[PDB]
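Student: Okay, here's what each chain looks like letter by letter:
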Amino acid sequence: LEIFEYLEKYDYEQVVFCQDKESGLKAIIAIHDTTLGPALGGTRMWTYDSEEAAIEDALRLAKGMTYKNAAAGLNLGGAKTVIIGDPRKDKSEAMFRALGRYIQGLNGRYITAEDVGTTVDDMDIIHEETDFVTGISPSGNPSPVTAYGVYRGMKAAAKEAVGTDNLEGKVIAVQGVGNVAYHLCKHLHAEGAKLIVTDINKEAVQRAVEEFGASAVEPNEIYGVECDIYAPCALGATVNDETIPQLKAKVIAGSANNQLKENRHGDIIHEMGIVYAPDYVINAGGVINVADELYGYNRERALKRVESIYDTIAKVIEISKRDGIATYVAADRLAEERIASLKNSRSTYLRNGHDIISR
Amino acid sequence: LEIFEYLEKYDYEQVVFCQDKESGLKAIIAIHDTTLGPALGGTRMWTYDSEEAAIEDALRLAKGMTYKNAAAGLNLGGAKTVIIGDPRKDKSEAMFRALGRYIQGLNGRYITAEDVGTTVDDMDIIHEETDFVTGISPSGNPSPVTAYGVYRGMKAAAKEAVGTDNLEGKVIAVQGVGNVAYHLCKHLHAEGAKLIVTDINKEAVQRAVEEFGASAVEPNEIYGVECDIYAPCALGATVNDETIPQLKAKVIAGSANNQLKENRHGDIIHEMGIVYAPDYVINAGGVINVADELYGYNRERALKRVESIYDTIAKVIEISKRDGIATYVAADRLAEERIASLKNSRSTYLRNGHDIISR
Amino acid sequence: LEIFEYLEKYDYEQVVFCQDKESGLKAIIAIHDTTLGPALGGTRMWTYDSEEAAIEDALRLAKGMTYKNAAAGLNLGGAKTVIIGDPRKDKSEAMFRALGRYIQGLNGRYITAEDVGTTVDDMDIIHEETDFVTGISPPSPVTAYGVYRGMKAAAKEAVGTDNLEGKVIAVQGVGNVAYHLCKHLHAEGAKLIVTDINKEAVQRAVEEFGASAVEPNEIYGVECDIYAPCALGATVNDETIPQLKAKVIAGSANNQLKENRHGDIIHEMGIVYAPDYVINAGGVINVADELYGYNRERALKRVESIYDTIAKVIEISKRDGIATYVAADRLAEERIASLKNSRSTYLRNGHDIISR
Amino acid sequence: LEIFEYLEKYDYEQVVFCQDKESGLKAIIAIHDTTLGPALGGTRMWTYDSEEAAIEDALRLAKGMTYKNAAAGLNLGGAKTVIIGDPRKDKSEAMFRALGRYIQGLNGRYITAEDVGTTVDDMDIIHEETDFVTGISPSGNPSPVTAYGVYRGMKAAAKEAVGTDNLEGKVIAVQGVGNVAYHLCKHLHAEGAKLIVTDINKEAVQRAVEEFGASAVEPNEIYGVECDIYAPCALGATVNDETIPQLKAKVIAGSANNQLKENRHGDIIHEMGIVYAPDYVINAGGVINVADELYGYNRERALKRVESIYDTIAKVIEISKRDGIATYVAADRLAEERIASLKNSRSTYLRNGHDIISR
Amino acid sequence: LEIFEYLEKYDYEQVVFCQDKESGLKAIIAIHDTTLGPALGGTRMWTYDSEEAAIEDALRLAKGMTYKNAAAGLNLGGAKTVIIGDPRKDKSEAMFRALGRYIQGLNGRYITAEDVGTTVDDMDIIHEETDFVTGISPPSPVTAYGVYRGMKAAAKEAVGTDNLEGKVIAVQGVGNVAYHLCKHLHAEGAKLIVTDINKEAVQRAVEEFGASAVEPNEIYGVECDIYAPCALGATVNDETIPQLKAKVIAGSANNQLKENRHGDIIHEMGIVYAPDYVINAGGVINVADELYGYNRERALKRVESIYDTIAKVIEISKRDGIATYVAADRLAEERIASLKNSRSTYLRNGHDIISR
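Residue numbers (the deposited numbering), protein chains in the order written: chain A, 3 to 141, 146 to 365; chain A', 3 to 141, 146 to 365; chain B, 3 to 140, 148 to 365; chain A'', 3 to 141, 146 to 365; chain B', 3 to 140, 148 to 365. A prime marks a further copy of an entry chain.
Okay, chain A solo, but in the shape it has when bound:
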C-alpha cells in the first residue's frame, strides 16, 4: 500500500475511496490527469483477489484513459472507477445512487460511463444523482463504432506494411467473433477481404462463415494461419513470446485491450517487420462515441472523429520510423506531446473559458 509513491511516480491527481454501508458500495475512483479537461472513464465492477489489487487496477486503467482520450483527440483526462463486488449478486439501486452522489461531489472532475460489470440501467441510476455520466441509451450499441474505428485503424497499418489502404484481396485473421468483431468483419467483407475467424462460441463462428464466406480455425491455431492481417478482437496478452514467432501476418490491428503481454513484446514485432496498430489508439471508437454524447450526440461528427483513427495510426506509424521506436511508444509520445502542447497554448487567461461541461 505505497499509494503516494506510485501516485507521485506517474503524477496521478486523486484516488477517491467511496463507501456507503447501507448499499455496501466500495468504489475506488482514480483520477490520473485532468490537464485537457474532466477525467472520463467507466465504472468497472469485478470481484478482486484482495483490496490492494482493486486499487492497482483502478490506477492502471485510469492512467490508461489519460492516453486513450489524449490520442483520440478528446478534451478529457484519464480516470476509472473500480467497484469491489460480484455484479451478478451485490448490486442495488442504493449502491448506484450512492456512487452517483459521490461523482456529483467531484463536480465535473470525473465523468463515468459503463465498463466490465456495469449495465446502462446502472448508469441510468447514477444519472438520477448527477449528469457527469455518459452512455445513456434511453436518451445505443457502441459496438459498431469501436469496429468502424478498427477498420480505419487496420487500413493505415495495411498502407504502411502492404503498400495500399485497400483491403481487397487481403486475408484477415479475426480472433473472437464478438459484437465488435462481427461488425468489423461486416466492413472487411463488404470491402473485398477474406476472413479466417475463431471463437470459444462455435454458433458465433457459423454466423460469420454463413454471412461473409469465411474460414473457421480452432482458438489455439488462429496465430499460425497464413494471412496478411491479425485482428485480436478477444482477450489481451495475445501478443507474447508464444504467439509472436507463430505469427504469419505483417499487420496486427484489433479491438482487444493490452494486445501486448509485456512492453518488450512490441519492441521485437517492430524489429520483425510486423506493423502493430497500438491497442488504445484503434478501439478509441467506443470512448470517442460516449465522449461525443456529452457535446450532445451527433452521428456524423462522432463517426468523423472515429474516421480520423486512420490519420492517428498513420502519424504513430510515421513517428515509429522518424524516431526508430515501436508504434506503442510513438503513441505514448503522441499523447504526451498533445497534452503538453495544449497545456501551453491554452494557459492564456479567460474569465469565461469553454470546456465539454459548458455544452
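A few of these clues could be false.
What the hints assert, rightly or not - List time: in silico DSSO-like cross-link candidates among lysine-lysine, alpha-carbon distance up to 27 Å: (1) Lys321/A' to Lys23/A; (2) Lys11/B to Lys165/B; (3) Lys91/B' to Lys23/A; (4) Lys192/A'' to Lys254/A''; (5) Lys327/A' to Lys176/A'; (6) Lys23/A' to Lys65/B; (7) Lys65/A'' to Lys349/B; (8) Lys349/A to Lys256/B'; (9) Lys267/A'' to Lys23/A'; (10) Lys23/A to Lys349/B'; (11) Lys256/A'' to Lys267/A''; (12) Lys11/B to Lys91/A'; (13) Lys349/B to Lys349/A''; (14) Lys310/A' to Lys91/A; (15) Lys349/A' to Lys23/A; (16) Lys267/A'' to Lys91/A'; (17) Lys327/B' to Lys256/B'; (18) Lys11/B' to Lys91/A; (19) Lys321/B' to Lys23/B; (20) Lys91/A' to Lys65/A''; (21) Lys321/A' to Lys91/A; (22) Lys65/A to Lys254/A; (23) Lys349/A' to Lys349/B'; (24) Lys65/B' to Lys349/A'; (25) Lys327/A' to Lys91/A; (26) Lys11/A to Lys91/B'; (27) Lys65/B' to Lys23/A; (28) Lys91/A' to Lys165/A'; (29) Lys192/B' to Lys310/B'; (30) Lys23/A' to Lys165/B; (31) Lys23/A' to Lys349/B; (32) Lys91/A' to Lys192/A''; (33) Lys310/B' to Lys254/B'; (34) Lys23/B to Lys65/A'; (35) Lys23/B' to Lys11/A; (36) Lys192/B to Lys165/B; (37) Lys321/A'' to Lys91/A'; (38) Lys91/B to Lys310/B'; (39) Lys165/A' to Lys91/A.
Source of the hints: derived by calculation from the structure; they are not laboratory data.
Starting from the known structure of chain A, fit chains A', B, A'' and B' onto it as the hints suggest.
Tutor: Frame of chain A; chains A', B, A'' and B' shown alone:
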C-alpha cells in the same frame, strides 16, 4: 377531527386546507411523505357525506401514493388533493387558477395530476399557475400503459401459481371492460389466452366478444366462473367473504384499486393457495407514466419502468414465501425497505444535489 | 369542526397542519389574507384544552394580524402559527428545524417571528432552515414608545392637546412594555397610578416615576384622565366601564374590549378609545422593518406614525359617528382594498418586502 | 385633448407617445387594462384626419382588445399602437427598430403584433429589438383560424335561432369573399350549407361559385336576400337602420369588426328575434392564434381554444335571455365578470407567480 | 491495509488521496459523516513513521470531528486532512494552491481550517483557490473561555455550585489556551497550581495569578479540587487516576483519557470528567461561526453554551449511570440521528451553512 393524532400515527407531513371564496374552492392537499422527493398525487373532486369524510379521504389516498410511488421505483412521496365539489356543477377557471397558485405556494413539495372528478382541461388551468402538475396532453390516454402494466403483473403471478409466465391456453375472467380492461384483453388475446368478461354496459362486452372471441357472463357471476386468473378491472372491495369462497382462479391480478375489502381478506387468499398480485403494485402503470412526463416524456424508458412491474410482483411473491406473509404485506415491506434504504444511502451532503424537479 | 365554512366566511386562504413525529411538532400555520404581500405572524406555543381550540386560536390570531399589518401601514397579510405543547417541557432543536423546513415549503407566503411560548433562540433555529422569519438580529421599548405616541393623539381629541402635562395616567400592569411606557410618560410630566400581580415590580415603578401603587381591582375606579391597560385583555367590560374615570383608554394589552358591544357604549360615553391593535403595533412594525433591512431611525419613525394612525381613527370615528375600533377595522379594510386596485397593473419584475 | 378625463372614465392605464426624428416614427401605444397580464394589441399604421383622431383611435381599439382577450379566455389585457403614417410611403428599418426599443422599454406590459398598415416583415424588425411581439411566420396565414372561429360561432347562434348546431340545408349570405370569408365558405360548403356571396372584386365571387356551387348577388343587395344566416365578412357599420329592416336571416355571425353601427342597433335586433353573434367574440380566432404563439405555437391546443368560441357564444346567448339584454351587452358583462373574478381568485401572494411571459 | 473494512465499520464516506508532484503535496482528506452538512476539519501537516500511520490518523481525527461538531451544536460533519511532510521544511505556495483546488473539487463536501503544522498564511493560500476554508479573517482565548464555561458546569455537579471560589485548580501546561484560561479562573477567585516543560512560562503564570509552580510529574498528586489538562493527552491513565486529588477533570487537551476503560473507573470513583471534545469545542465553534459570517457576540454565546452541553452530559451520566464521555458520544449520536429524521422532508431551495 383528531387530525394531529392520525397524522402522528402514520407520521404524515402536512395537511394543507386551501379556500378561495370567489371560486368556492375547498381543497385538502394532504402530504404523507416526501422522503424520496416531491409528493405526487392527483386532484380528486367529489361531493362528500361531510367535511370530516373529505379529510379522511385525502389522508387515506395520500398515504396510498407514498407506497405506490415507492414500489413503482419512482423518486416521489405520497400526496393527494380532495376538492369538495360536484364536478358536473361547481367548477370554474378561477377554482383551478386558485388551486394552481396554492400548489406553486408549496414550491415543488406537491405535484398534482388528474384523478376522479378532474379533466386534463382542469390540469391545463392549474398549469397556467405552476409546473408542479403532470398529465398535460396538449403538450394522451394513460389507459393502455396501466393495462400493459397489469399484463406484466399477471405474468409473474401466473409463473408462481401456474408454473410459466406464458398466458397461452390460460382462461382469464376480466371483471369490467373499461378503457384499461379493453387494452388488457387486447394483449391477453394476442398472446393466446381465453377471456370471460362482464360489465354494467353490455355494448362494451359485445366489443370484447366481437374482437377477442370472448365469453360473456353476468356481473353477479364473474366470481364463480371456472377459470385460471381473476382480473378485477371494475370496482374495489371485489375480494370479500362473499367473493373469495366463490373464486375458481388461482391468481388474482387486476387494474382496480382496493381489490381487498379488509386487510384480513388477503391473509386467507394466501392460506387458500390463491396468488394475489397486490392492487397498488400492478396499476402503477398510470402513475409511472405521468411520473415519466416530468423527466420529459420518453415512450421507451416509460414502458421499460412499467415492464418492470413483472419483477416487482416477482419480488413481492418471493418475500411472501421467504417470510410467510400475504403478498400485500410483502409489498408494504418492499416499499418501506426502499424508502428507508435510500434515506440512508443519500444522506451524504451535496450543495448541487439532483431531483425530478431539476430536469 | 366545519373548518371550510369558517374559512369561506372571512375568506381565509390556507390552514397548514404540520407534523414531525421525531420532534413531536404539531403546528397549525393559518394564513388569512396575503393581498398586501407575504403574511407575517409569530409562532405561539401554548398547551390547549383540545385540538379544536388550537385551530380556532390560529384562525382568530391570523385574521388579527391581517388588520394589524394593514393599519400599521405594512406590506404584509395576516397569519399566525400555533404549536401545540408546553414550551417549558416539549421543545427540541428538531421541532424548530422541522417547522423551519415547512415554512421554507411555503416559499415566502408566511413569515414567522416570536410570540407567546417562543424565544429568539427558537427563531434562530427556524432561521437555519429559512429566512421567512424575523426578530432574530438587532422589542419591548419600541412597543411602549408606540403606545406613548398612541396615547398623545387620543389625549388631543379628549383633552384638547397632545401634551400629557396635568394628565393622570392609570397604568394596569408593570410588565416589560409598561415599565418603558411609564419611563417616557414620567419624563414628560404626567402623573402615574400603577398596579400589578407583582408588588416589588410596582415598587420599581413608584421609586422611579413618583407613582401611586393601588390594588389590582382598584386601578379602574381611580380618579385619573387616561387608562393604560398593559396586562390582560377583556379589561373593558360591563364591570370596568361604569367604574372608569378616565376619558381616554390607551394601552399595550390585546383585546382590551371584552365584546364588540363594549367599545360602542364607550363611544356614546364621551370616552376616547385608542384601539388595541393600532397602538401595540410597535413590536410588529419593528420586526417588519428588520426584513427591509434593520434601520433604527426609519423603524422608530414608522412607530412614531402610530400618532397619525390614531389621529385618523379618531377623525373617522367623528366623520361617521362610530366607535374607534370600527374606524380602525374600516381603515385597514379600505387600505387593503384601495391598494388591491391601484396595484393590479402588470409588471414582470414586481417588487415586495422579500425582494430585499 | 381631454386625455386624462377620457382615461379616468374607462380607467385606462397608460398612453405612451413615442417619437424618433431620424425615422419620423410617431406612435401612440395605448394600454387600457393589464389585470389579466401583459396587454396585447397590433400596431396599426394609417394616415389620420388630425393627431387628435389618431389618439382617439389608439384608445378605442385598446379598450377593444381588453374585452376581446377577456372573453377569448386569454391571460392578456387590452392595448393597441397607432403609428401616424402612410404605410406605402413612410416606413423604414429605423422606424420599426425605433418602436421595437420603446416596446422593450415597457418590459412586457405591451406585446404587439401586425394590424392594418403593418406586415410581418415589419414585426420581424421589431423582433430584432424585443420578444414582446407575436405573428412571426419565418419562425403563417392566421386567416383560416379566424374563419374556423366564425364557423364555431355561427353554429351556437344557429342552435339558438334555428334549433340545431347543424348548418346542413341552411342558406348562408356571406358579405365579402376575403381570405377569412373564403375559408369560412370552405367549412360551410363541406358541412352541407348553401352560400349566397358578394364582393367589390368579381373574380373572388367567381372563385366562390366555382368552388362551392354558390349564388352571386350585387354588393347593395346581400342584405335583402332570402336566407337563414347573415355573415358580414367585409366592413363594419353593416348593421344599421338601413340594413336591419332589409334583413331576412334570423342569425348574424361574421368575421367583420363593429358589425353594429351604433350600440342602439344591437338592442332592436334582440327585440326583432334576430340572434347576433357579437363581433369581438367570434373573430377572436386571429388573436387566440397569435396569443398561442407566445406560449409556443401548438396547432392542436390553439384550435381547441378557438373551438371553444362555440361555448363562448352559447353563454353570451344564454345570458342575453337569463337577463333580457342584447348579446353584445352579455358579452361585455361576460368579459367584465371574468377580469373581475380572476382579479380576486389570483390576489393570493406568490414570490414565483406564473404568466404568459414566463414560457 | 484493509481500508474499506475500516470504512464500512464506522460507516465513513470518503478517503480522498490528493497528489501534486510539482509541490510534492501528499494529502489524505478523510470524510467520516456529512449527515448534518459539509464536513469541517483542519489540515494537520506532520511527518509520519509510514504512509499507513498517516491514513489511520486522518480517519481517527475525522471520526473525531463528526462528534465534536455534532455535540457542539454545529451543522457540520466530521473530516480532517493530513498532509505528509515536515512543516518547517516542505511547504510551498504551490502545495497550498494544489490542495485548495482539490478542496474546490469536492464542491463544499469538505471545509478545512488550520491544525497542527498549518499557519493562517497557509489557509490564506488555500483561500485563493476555494472558500471551503475558514479561520483566515477576524482562536486561543475562545477555546479557553470555552473551558472556563465547561469547568463551571462540572464544578456545579461535583462541588454543588457553578461558583469556583474556594476551588483549587491544578492547570497542566501554560500554553496559549491555558494562560488565557487561568486569566478568567484567577479573576473569579479560584486558586491555581501550574506546571509546564517551560519554567519562564510558569513564572509568567505565578507572577500574574498568584499561582504555585510545581514539577511536571507532581501536578497529578497536588491537593486540589479541579484538574485542568491543557498540555498532552493520555494524561488520565492507571498511573495518574489513583494519584488524583481533584473530583473534577476539565481541560483544553485532546484524548485526556488514555483508554476508554479509564473514564469508566473515574465515573465509579465519584470524579466528574468534563469530556475533552465537548469543552475545547470553543476553537471549532469559532471558525464555524466565521462561515455564517463572523459575529463576535453570537460566536461567544455559542461558546458560552459549552456550560449547558456539559450540564446535559452530566445529567445523562446520572439518568443512565455511564461515564460522561459515553453520555457525550450518545448526545452527538442522538442529535445526528434525530435531525436526519426531522429534516428528511423535501424542499427544492434547502438551506445550509454554505448558502451564506
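Student: Determine for every hint whether it applies to the structure shown.
Tutor: Status of each hint after checking the structure:
This hinted pair checks out: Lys321/A' and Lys23/A have alpha carbons roughly 23 Å apart, not beyond 27 Å. Taken as a hint, the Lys11/B and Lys165/B pair is broken in the structure, with Cα atoms around 38 Å apart against an allowance of 27 Å. Simply put, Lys91/B' and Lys23/A have alpha-carbon atoms about 40 Å apart, too far for the 27 Å limit, and the pair is violated. About 23 Å separates the Cα atoms of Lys192/A'' and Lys254/A'', which keeps this hinted pair within 27 Å; it holds.
For a cut-off of 27 Å, the pair hint linking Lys327/A' to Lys176/A' stands: about 24 Å separates their Cα positions. Of the supplied pair hints, the one linking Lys23/A' and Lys65/B holds, its CA atoms being roughly 15 Å apart against a limit of 27 Å. Annotation: proposed proximity of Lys65/A'' to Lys349/B holds, straight-line Cα distance about 21 Å (limit 27 Å). A threshold of 27 Å between alpha carbons decides the hint, and for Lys349/A with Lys256/B' the separation of about 65 Å lies outside it, so the pair is violated.
At most 27 Å may separate the alpha-carbon atoms for a hinted pair to count; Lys267/A'' and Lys23/A' exceed this at roughly 40 Å. Between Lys23/A and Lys349/B' the CA atoms are separated by roughly 16 Å; this keeps the pair inside 27 Å, and the hint holds. A C-alpha spacing of about 18 Å is found between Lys256/A'' and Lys267/A'', which places the hinted pair at or below 27 Å, so the restraint holds. Taken as a hint, the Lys11/B and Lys91/A' pair is honoured in the structure, with Cα atoms around 21 Å apart against an allowance of 27 Å.
Of the supplied pair hints, the one linking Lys349/B and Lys349/A'' holds, its CA atoms being roughly 9 Å apart against a limit of 27 Å. A C-alpha spacing of about 22 Å is found between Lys310/A' and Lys91/A, which places the hinted pair at or below 27 Å, so the restraint holds. Under the criterion of a C-alpha separation no larger than 27 Å, the hint pairing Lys349/A' with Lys23/A is consistent with the structure, at around 12 Å. About 38 Å separates the Cα atoms of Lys267/A'' and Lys91/A', which puts this hinted pair outside 27 Å; it is violated.
Proposed proximity of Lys327/B' and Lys256/B' is supported: the alpha carbons are some 16 Å apart, at most 27 Å. Of the supplied pair hints, the one linking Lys11/B' and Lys91/A holds, its CA atoms being roughly 21 Å apart against a limit of 27 Å. Restraint check for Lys321/B' and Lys23/B: satisfied, since their Cα atoms lie roughly 23 Å apart, inside the 27 Å limit. Our distance criterion of 27 Å between C-alpha atoms is broken by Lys91/A' and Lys65/A'', whose separation comes to about 33 Å.
With a C-alpha separation of about 15 Å, the suggested pairing of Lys321/A' with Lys91/A holds against the 27 Å cut-off. For a cut-off of 27 Å, the pair hint linking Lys65/A to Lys254/A is broken: about 33 Å separates their Cα positions. As the CA atoms of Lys349/A' and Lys349/B' are separated by approximately 9 Å, the hinted pair is consistent with the 27 Å bound. Between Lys65/B' and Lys349/A' the CA atoms are separated by roughly 21 Å; this keeps the pair inside 27 Å, and the hint holds.
Pair hint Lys327/A' plus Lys91/A holds up; C-alpha atoms about 20 Å apart against a cutoff of 27 Å. About 22 Å separates the Cα atoms of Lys11/A and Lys91/B', which keeps this hinted pair within 27 Å; it holds. Annotation: proposed proximity of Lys65/B' to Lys23/A holds, straight-line Cα distance about 15 Å (limit 27 Å). With a C-alpha separation of about 48 Å, the suggested pairing of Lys91/A' with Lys165/A' is violated against the 27 Å cut-off.
Among the hinted pairs, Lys192/B' with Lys310/B' is consistent with the structure: their alpha-carbon atoms are about 19 Å apart, no more than 27 Å. A hinted pair counts as satisfied when its Cα atoms are at most 27 Å apart, and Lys23/A' with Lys165/B does not qualify at roughly 42 Å. Of the pairs offered as hints, the one joining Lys23/A' and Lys349/B holds, with about 16 Å between alpha carbons and a cut-off of 27 Å not exceeded. Restraint check for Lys91/A' and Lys192/A'': the C-alpha separation of about 37 Å exceeds 27 Å, so the hint is violated.
Taken as a hint, the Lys310/B' and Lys254/B' pair is broken in the structure, with Cα atoms around 32 Å apart against an allowance of 27 Å. About 15 Å separates the Cα atoms of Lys23/B and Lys65/A', which keeps this hinted pair within 27 Å; it holds. Proposed proximity of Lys23/B' and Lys11/A is supported: the alpha carbons are some 8 Å apart, at most 27 Å. Simply put, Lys192/B and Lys165/B have alpha-carbon atoms about 20 Å apart, close enough for the 27 Å limit, and the pair holds.
With a C-alpha separation of about 15 Å, the suggested pairing of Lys321/A'' with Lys91/A' holds against the 27 Å cut-off. This hinted pair checks out: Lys91/B and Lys310/B' have alpha carbons roughly 23 Å apart, not beyond 27 Å. Taken as a hint, the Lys165/A' and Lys91/A pair is honoured in the structure, with Cα atoms around 23 Å apart against an allowance of 27 Å.
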